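Trainee: Got chain e sorted already, so can you dock chains b, y7, y5, c, vb and s with the ligand onto it with the hints?
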Amino acid sequence: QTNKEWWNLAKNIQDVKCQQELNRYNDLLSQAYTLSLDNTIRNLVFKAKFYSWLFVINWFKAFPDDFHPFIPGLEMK
Amino acid sequence: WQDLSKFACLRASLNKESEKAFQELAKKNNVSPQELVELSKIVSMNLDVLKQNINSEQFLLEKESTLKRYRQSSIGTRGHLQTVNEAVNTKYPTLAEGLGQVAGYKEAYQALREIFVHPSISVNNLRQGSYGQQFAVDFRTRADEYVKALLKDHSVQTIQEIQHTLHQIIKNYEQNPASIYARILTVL
Amino acid sequence: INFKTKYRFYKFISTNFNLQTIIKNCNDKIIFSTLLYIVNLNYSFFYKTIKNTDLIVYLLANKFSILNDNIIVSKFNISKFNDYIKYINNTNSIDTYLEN
Amino acid sequence: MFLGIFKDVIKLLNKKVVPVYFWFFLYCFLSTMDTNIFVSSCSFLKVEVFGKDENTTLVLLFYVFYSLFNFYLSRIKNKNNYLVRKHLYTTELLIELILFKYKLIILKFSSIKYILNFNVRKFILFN
Amino acid sequence: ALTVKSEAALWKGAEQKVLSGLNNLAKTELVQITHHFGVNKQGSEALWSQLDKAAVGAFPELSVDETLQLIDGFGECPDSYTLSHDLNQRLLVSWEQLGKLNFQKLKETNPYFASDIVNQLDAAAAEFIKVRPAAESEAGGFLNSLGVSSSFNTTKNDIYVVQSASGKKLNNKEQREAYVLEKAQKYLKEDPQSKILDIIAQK
Amino acid sequence: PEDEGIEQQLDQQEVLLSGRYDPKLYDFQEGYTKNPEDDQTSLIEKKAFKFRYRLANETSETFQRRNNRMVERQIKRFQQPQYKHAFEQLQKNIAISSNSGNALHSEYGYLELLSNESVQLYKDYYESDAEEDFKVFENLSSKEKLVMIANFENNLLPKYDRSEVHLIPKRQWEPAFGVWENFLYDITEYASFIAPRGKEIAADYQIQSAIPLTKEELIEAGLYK
Amino acid sequence: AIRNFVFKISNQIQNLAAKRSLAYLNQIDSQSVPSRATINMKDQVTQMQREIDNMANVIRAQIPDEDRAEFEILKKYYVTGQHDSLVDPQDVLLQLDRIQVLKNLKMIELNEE
Ligand code: HEM
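Respectively, the protein sequence lines represent chains e, b, y7, y5, c, vb and s. Under the authors' numbering, the residues of the first sequence are numbered 78 to 154, in order. Under the authors' numbering, the residues of the second sequence are numbered 19 to 173, 179 to 211, in order. Under the authors' numbering, the residues of the third sequence are numbered 103 to 202, in order. Under the authors' numbering, the residues of the fourth sequence are numbered 1 to 127, in order. Under the authors' numbering, the residues of the fifth sequence are numbered 10 to 212, in order. Under the authors' numbering, the residues of the sixth sequence are numbered 393 to 617, in order. Under the authors' numbering, the residues of the seventh sequence are numbered 2 to 114, in order.
Extracted from the complex, chain e is given alone in its bound form:
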C-alpha cells in the first residue's frame, strides 16, 4: 500500500535494520504525501480547508513520532 514516490526514497535508504532507525527518516519518507494539486481558486480554498482539517485531525489522532500507521516503514520495504 505504498506509491512510486515512497519506493524511490525507500531503495536509497540503506543500512537500516530496525524500525526505530527508520523512524528518524519520517519527514523524508513523508514526502511521498506530495498530494499534487493545482493552485486554482477552488483548489487553493480546498487546499487550505484540507490542510487545516489535517492539522486539527492530527491533534485528535495525537500519535507520537514512534507510532505512525500512515507512514510506511520496514514492513513495506
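Don't take every hint at face value.
To be verified - Straight line, CA to CA, 25 Å or less: simulated BS3-like cross-link-like pairs of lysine-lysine: (1) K88 (chain e) to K188 (chain y7); (2) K114 (chain c) to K131 (chain y7); (3) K86 (chain b) to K426 (chain vb).
Unchecked claim - A few chain vb residues that face chain s, going by a derived Cβ cut-off under 7 Å, partial list only: (4) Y517; (5) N547; (6) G590; (7) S601.
What the hints assert, rightly or not - So the derived label-pair ranges between C-beta atoms look like this: (8) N202 (chain y7) to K7 (chain y5): 33 to 39 Å; (9) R61 (chain s) to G176 (chain c): 24 to 30 Å; (10) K88 (chain e) to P588 (chain vb): 51 to 57 Å; (11) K94 (chain e) to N202 (chain y7): 20 to 26 Å; (12) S67 (chain y5) to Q106 (chain c): 32 to 38 Å; (13) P588 (chain vb) to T81 (chain s): 51 to 57 Å; (14) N184 (chain y7) to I112 (chain y5): 21 to 27 Å; (15) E422 (chain vb) to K88 (chain e): 36 to 42 Å; (16) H190 (chain b) to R21 (chain s): 40 to 46 Å; (17) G176 (chain c) to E556 (chain vb): 45 to 51 Å; (18) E117 (chain c) to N142 (chain y7): 29 to 35 Å.
The set of hints was computed from the structure by calculation and includes no laboratory data. All residues carry an ideal CB built from backbone N, CA and C; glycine is no exception.
Mentor: Chains b, y7, y5, c, vb and s with the ligand only, in chain e's frame:
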C-alpha cells in the same frame, strides 16, 4: 632513592649466593624477603641522617622531596616516615648493619661509594650548580671505568640495566646534585 | 647535493620498499621524486636536527611495517564531536579482533 | 627582568601579530579629520571622496579599476605559483562557498521540517 | 646496428672497445635518442646513475639540454666519474621538476592524494613527528603586508585508524618493530654515519 | 562474614524462592487503564521480564540445574579468543576512559558482546523449553537490544563485595613553613598525587567490577569444576 | 579534622566521577541503566551518520549524470575534505571548473549550432 635501590639490587644480582644471604638475613630478622626489601627501603630513608649530609639551606626542600618520594612509594602507607624509620631502629637494631653484611649489597655499596663519594666534593658547596656539573662529569668518568671493570668479568642484560641505572643517577645528579648526593650519603 | 648520492638513496628505497603501493601506475623514479617533494613540503621542520634521508627512511619503514600492501588510514581528533562520531561509526572492534 | 618585559611588550606589537593596518585604523578612529595627517591636507579626500553623501560615480570608478587590476593579478597568479598555500581567510571563504553549494543541493531535495528535525537532533547529540 | 651493440653490452668485454668506438662515432654524429640508449647501456655496464638518468630523460623525451651527449664523449669508458657540473645540476633539477609536476598533476586530479600520503606516513610515525607545526602560507597581498595572516596550526592530537584496503591481516606491534629494526639495520649498512636508530628510539 | 554482594544475592534468592512471586499466581495487567487489559508490553520485554525472574517460577533444584547449565555455557563462551581480546582492550584503555564519559571503541565492542551474551543466556536457560521462538532474537531493534541488555549477568565476576579501603599517604604540615606556603604545597600535592591516585583507585574499582576472572582462577578458588 | 573532612568530600567526588565516566563498563546498576545510555548514544550517532549517507544516496539517485558527478565531488568534500588541512578547496574548485567547462561547451553548442 628508587634508582639507588634498583642499582644496588641489580649489582647484587651478579654476585652469586646473594639471594641465599638475603634469605638468611630475612630469617634472622624474622621477616619474608619482600618484608626485608621494604625494611631496607625504610632504612635508606633516614631524614636525620639526611639532615647531616646536606646544606640546611636546602634541607627543607629536600626533606619535602624525600617525603613525597616516600608517599609515592609502596611503603608510604606505614605511617610517618621518620617515626616509621625509628620503629625499624627499635625493632631491628642490627638489620641496617646486616644490610651491609650481605656480599652482593656490600659490593654494590662499596662500588657506589667509589664512583660517587670523593673527598674533593664539598657538601656545603653542593648547593650551587657548577660544582654539581663538574662532579657529574667526574661521576661519568668513574662510571665508565667501573662499567669497563664489570665487562672484564661476567662474560649482559643485567650489565645493560646497571649502566642505564648509572646514567639515570648521573642525570638526576645533573638536575639536583645536592639532593642526589645527600641521598647517596644517607644510604651509605 | 650529488646526483650519485641521490641515485644511491633512490636505489636503496626502491630495493627495500615497494613504492608502487604509494602511487598506482607510475614509474619508480617519479614516485621517489614525488615522495621526496611531499616529505620536504610536510616534514621540513625536522631537517634542522634530523637528516632528510633518515627521516624518509623512518617514515617508509614505519608505513611498510604497518603492511606491505595498500592501506587506508583515517585520522580522528576524538575531542571534537564530528570526529568522535566518525571515530566510532567507521570502526568496529570485530575488525580489530581479526587484525584488519 | 624589566628589560625583558620591555622587549616582550615591543615584540607583542610586531607587525606580524598586530596589524599595521590595525594601527592605522586606531589612528583614524582616535583622530579628528582636521587633525588626521592622511586626510586633513587632501581636501579631495575630505570633500570629494569622504565629504559627499552620495558618491556613486566615484565609488563605481574606483571599484571598476580595482576589479580590473585584481582580476589581472589573479589571472597572473593562477597562471604561476602552482604549488603554494594560500591565506587562511581566502581558503575559508572558498570552503564556505563549496559547503554552501552542497547545502543548497541538499535543500533542493530535502523538506524544511526534515532539515529542522535533523539539525535539532544533531544539536541535542552535540550537547 | 646499435641495437646489436646493446647485446654487446650484455655480452663479453671483447666488443667493449668496438662499443667505445661506436659511442665515439655517435657522439661525433650528435645522436638524439640512440645516444640516450647507448648512454643507458654503457652506464649500466658500469654504475647505474648516469644510465638511469639517461633512461628517465628519454622517457620524458628531453630534446633540449642535450649535454648528456657531451658526457657521453668523456673518455673514461664512454662515461666519467664526478660528472660534469652542467649535467649534475641539470639531472638534479630535472628530477625535482618531474617530481613536482607529477605531484601537481596528481593533486589536481585527486585533491586527497597528498592528504592520504601524509596520513599514511604519519600513521605509524612516532608521536613527536605528529606534533610537527603545519605549513604556513608564503603568498602576498594585503595579508602579511598590512593585515595579519593566521597560521594553519591545529591541536594535532589525533587517532589513526589503519584499515587494509584488501582486507589482509595487519602486522602487530612486535612485527612492526621487527620490520622497522630490520630496515634500520639495512640502512645502517648503506649509511655508516646515520642517526636513524635514534629515531627508532622514539626521540 | 555478611559480605554485601553475596548477602544481596542470597536475599534475592530468598525473595524469589519464597513462592510469593510465582507468575502463575498473578494476572499481569496495565493498571493505569480504566478497563482491565492484559500486559501490553513488547514480546522482547515480556521475554526479558520472564528471564529476570526465572528463579520465581522455578523450584530450587530446577533453577540450580538450568542456571548451572547456563553459567557453564557462558564460561565456555567467555574462553573464546574474541572475548579475551575484548577484555584485554577493556583493561588497556582504562586511564583514557577515566578522562571522559564518552565511550571509546574498546568498549562499544564490549557492549555489543554484552548484548550477544544476554541473548545467549536467555537461549541457554530456556533451551529445553518448547513454547517459544528464538528466531525473534535474530534481528532486534535498538529498543529491544537495550531491553535484553538490562538482564546481562557476568557470572565470572567475583560475587563477593568489591568495596574496599586504600591508604593514600598524607603530607604532614611542616611547622617551618607559613600558611600560604603550606597551602600551596597541599594544593600541589593534592592535585599531582591524590588526583591520579584517587582517580586510578576509583577506575580500578569500576574495571574490577567489570572484568571477569579467568577460568583457571576459578579453579584455583574452587568456584568451578 | 578539616583535612579528613576535605578528603572525604574528595572521595565522594572522585567516586561519583568514576561512576559518571565508567559505569557502562560494569553491571553494578541492576538494569544496566548507565550502560544502556552509552549504547543508545552510540546508536543515535551511528544512525545520524547513516542518515547523512542516506540523504546523499537519495539526492544521488534523483539527479542526472553531470549533476551526479558534481554532487559526488561536493559530498566527498563535505564529508572529508573540509575537515582535512591538506585538502585544497582550490583543487576542488578546479575539478568543478573542468565540469563547468564541459557544461559551458555544451551550452554554446546548444546556443549556436
Ligand atoms: C584635487 C587634487 C588632489 C588629488 C586628486 C589628490 C589625490 C590623492 C589620493 C588619491 C591620495 C591617496 C588616498 C588613497 O589612495 O587612499 C592622496 C593622499 C594625500 N594627499 Fe592628495 N590629492 C589632491 C590634492 C592634495 C593637496 C592639495 C594636498 C596638500 C594639501 C594633498 C595631500 C595629500 C596627503 C598628505 C595625502 C596622504 C598621503 C600620505 O600620507 O602618504 N593632496 N591624495
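Trainee: Now tell me, hint by hint, if it's right for this structure.
Mentor: Hint check:
no. : hint                                           : in the structure
1   : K88 (chain e) to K188 (chain y7)               : holds, 24 Å
2   : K114 (chain c) to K131 (chain y7)              : holds, 16 Å
3   : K86 (chain b) to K426 (chain vb)               : violated, 69 Å
4   : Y517                                           : violated, 17 Å
5   : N547                                           : violated, 11 Å
6   : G590                                           : holds, 4 Å
7   : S601                                           : holds, 4 Å
8   : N202 (chain y7) to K7 (chain y5): 33 to 39 Å   : violated, 56 Å
9   : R61 (chain s) to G176 (chain c): 24 to 30 Å    : holds, 26 Å
10  : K88 (chain e) to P588 (chain vb): 51 to 57 Å   : holds, 54 Å
11  : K94 (chain e) to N202 (chain y7): 20 to 26 Å   : holds, 22 Å
12  : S67 (chain y5) to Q106 (chain c): 32 to 38 Å   : holds, 35 Å
13  : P588 (chain vb) to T81 (chain s): 51 to 57 Å   : violated, 37 Å
14  : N184 (chain y7) to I112 (chain y5): 21 to 27 Å : holds, 24 Å
15  : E422 (chain vb) to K88 (chain e): 36 to 42 Å   : holds, 39 Å
16  : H190 (chain b) to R21 (chain s): 40 to 46 Å    : holds, 43 Å
17  : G176 (chain c) to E556 (chain vb): 45 to 51 Å  : holds, 46 Å
18  : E117 (chain c) to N142 (chain y7): 29 to 35 Å  : violated, 20 Å
This entry does not satisfy hints 3, 4, 5, 8, 13, 18, going by the numbered hints stated previously.
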